[PDB]
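Worksheet: one structure, shown below.
This view holds just a subset of the chains, kept in their places.
Letters A, B and C mark the chains in the order given here, with residues in each chain numbered from 1 onward.
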Amino acid sequence: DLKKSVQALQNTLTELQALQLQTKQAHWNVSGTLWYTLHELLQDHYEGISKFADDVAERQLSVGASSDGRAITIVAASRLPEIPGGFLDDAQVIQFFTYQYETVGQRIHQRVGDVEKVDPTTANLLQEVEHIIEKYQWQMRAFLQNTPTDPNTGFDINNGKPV
Amino acid sequence: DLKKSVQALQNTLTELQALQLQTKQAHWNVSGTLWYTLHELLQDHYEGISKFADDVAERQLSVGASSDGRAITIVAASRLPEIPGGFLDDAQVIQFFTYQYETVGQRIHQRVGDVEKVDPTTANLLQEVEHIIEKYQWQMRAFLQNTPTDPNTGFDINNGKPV
Amino acid sequence: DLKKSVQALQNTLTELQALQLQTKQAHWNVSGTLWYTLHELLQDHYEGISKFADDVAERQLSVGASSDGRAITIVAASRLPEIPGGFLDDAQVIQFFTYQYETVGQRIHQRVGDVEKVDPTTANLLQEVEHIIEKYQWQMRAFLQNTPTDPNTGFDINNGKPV
């Protein structure tokens, strides 16, 4: 089934390209106490996402199908919220990608089982994408991770209010 | 005039981001005799465009204004044709970016004079973007450049028909 | 079942070693308009094939079995056509490896399922070999890939005749 692997590959590529533009957008406009920390972290996320975005589209051509990474396709086949414009707060960026990475990781997790029987090599690549996406999810989640000595509500980065 | 420099910077960033996704799209789906030549050349163009896309948005924040590099903004503030989907021919890719680079370079050329008096530092960056865009225009134009011994109609890469 | 993993590993190693000598042979004797393009591309294919040839034989020793990479074994356990001698045409090289990579990739695809239950780690390596082989198949296939504006018959690289 070539159509099945294309669906899993093309859907993953569009999500990676969406995260590509969103990580870079927050990379430039993040503000607050953790602006520079997230500035550097989002650039590393961008480079890891961009690398796998190349691999996914390369895998699309490898199985004999075209790759659609156009701007209209990113907006069209959205299915994910768009990052807000203007200056972004550090606490807002942390909460945005905490949910975005988790949502993308869960979708990739399902696509792995959809193609594991017909295309284990493509499923191997999708597992590697799920690995880096869930790792990035942890790196955003750890900012507000509860500990025995501190719930880490994020009040210090959100004008005194829990995030 | 902060509004003038933002207009020149934001308009250039959106065009660079459009070329970013278009060079990479042709990078993966180009086909024909010159597919691998353009594959490598488009990746170099992508890296040069991406680097200046970072500098332009960085200059936006440097003058005190937010940067809009979101996917919807690329589609919204288009003003440039979209690259076709599916498998792309090498002759089609050459002619697409020959006109696209030239159109972008002419617009950047006008923005340089619009901000040279109020923001010479930003105009200095826009000149550097115009330099790399017009250089890429030559690199696409040279495929069909007429010579005394050969008009270079591109018939060999376009099913026997002049491009 | 140690015998099953050895069969899949040893058969893949011999095919990689055959492609090793064939890519390098075409690397030196390719001729025509695309001689230098294929010269560089075949060297990259050679380096990727050689690296995985090391990994496959290393995996053979890791599971406790000897590795047979001798010259007589490459000729003996052939099951693949031999590249022609003498000066090779660029269109001939493109069509040779288009079919050779596809044939090798299909065989590796079958070996993955043969060992996925008894040796998932070896199957993981075979998936990585299938990934690079099918990627190389695309890189040879793209020279003659049909497009909406051009069928890309390869007449320009084959003395006016469709390849």
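One rule holds in what follows: contacts are C-beta pairs under 8 Å (C-beta built on N, C-alpha and C of every residue); 3 or more make two chains touch, one makes a residue touch a chain.
J.: If you could, jot down how many copies the complete complex is built from here, 3 of which are displayed.
T.: Whole-complex copy count, per this file: 12.
Operating definition for what follows: only the chains that are shown with their structure count from here on.
J.: Please tell me the distance, in whole Å, between the geometric centres of chain A and chain B computed from their C-alpha atoms.
T.: Result: the chain centres lie 27 Å from each other.
J.: Which positions in chain C touch two or more other chains at once?
T.: 142
J.: Considering the complex alone, what residue numbers of chain A touch chain B?
T.: So the residues of chain A touching chain B come out as 17-18, 21-22, 24-25, 28-29, 57-58, 60-61, 66-75, 82-83, 85-87.
J.: Using the touch rule from the top, collect the residues of chain A that touch chain C in their complex.
T.: These residues of chain A touch chain C: 58-59, 61-64, 120-121, 124-125.
J.: Mind listing the chain C positions that touch chain A in their complex?
T.: Residues 109, 112-113, 116, 123-124, 127-128, 130-131, 134-135, 137-138, 141-142.
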